[PDB]
Structures are given as C-alpha cells and as structure tokens.
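Moving on to subunit A:
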Amino acid sequence: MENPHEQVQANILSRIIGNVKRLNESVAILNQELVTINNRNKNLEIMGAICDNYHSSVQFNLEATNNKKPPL
Partner candidate 1 sequence: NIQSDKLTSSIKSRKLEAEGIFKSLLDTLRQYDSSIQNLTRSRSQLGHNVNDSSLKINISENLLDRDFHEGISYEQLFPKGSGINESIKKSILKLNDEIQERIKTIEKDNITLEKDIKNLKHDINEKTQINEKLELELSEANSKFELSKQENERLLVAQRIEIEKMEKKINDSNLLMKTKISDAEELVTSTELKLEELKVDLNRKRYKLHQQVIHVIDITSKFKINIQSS
Partner candidate 2 sequence: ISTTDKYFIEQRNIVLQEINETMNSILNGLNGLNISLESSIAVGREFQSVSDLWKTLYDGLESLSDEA
Partner candidate 3 sequence: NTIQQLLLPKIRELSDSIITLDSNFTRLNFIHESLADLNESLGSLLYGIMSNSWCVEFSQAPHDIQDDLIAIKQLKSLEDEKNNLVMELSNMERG
Partner candidate 4 sequence: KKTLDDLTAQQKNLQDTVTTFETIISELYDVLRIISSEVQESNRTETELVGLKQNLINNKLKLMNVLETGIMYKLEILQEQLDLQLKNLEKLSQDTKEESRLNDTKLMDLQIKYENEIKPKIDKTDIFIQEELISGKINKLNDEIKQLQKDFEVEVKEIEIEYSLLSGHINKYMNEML
C-alpha cells in the first residue's frame, strides 16, 4: 500500500529531534552554571591581582635596598 520505510524514517527523525532538543536544554543549563561560576569567581582574580602586586612590590623593595639575603 505504502512504502514501508517512510514511517520508520519519520519515527527515527522524530527521535532525532527529541534528543537534539534535550541537547539544547542540556547545553543551556551548562551555560547557566558556567555563567554563575564566572560571576561568583569575580572575586578570585581580584585577590590574585593584589597578591601579584604585593609580590612584585616586595621584590621591588628588595632591590630598592640591598636587604635581599642570598638564597639557601
């Protein structure tokens, strides 16, 4: 009566769409988490920057005067 494969493809294609949709949703959720982390990590580099600055500054001070003692 009708080409047997058509319905199969239909069903198969339907499944494709479904899981792809889930893919979408999954990916979207990932973005949300990712986004949150970045804002929640907006403090960390701040600390690091100061720490970096601090380290650099002390080394500069250790060249300003010759109090730099030799390593061990």
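One rule holds for everything that comes next: contacts are C-beta pairs under 8 Å (C-beta built on N, C-alpha and C of every residue); 3 or more make two chains touch, one makes a residue touch a chain; residues count from 1.
As a selection rule, all candidates are chains of the complex that A comes from, given by their letters.
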item	value
Numbered candidate touching subunit A, per complex, among 1, 2, 3 or 4	3
Touch list for subunit A against partner candidate 3, complex	70-72
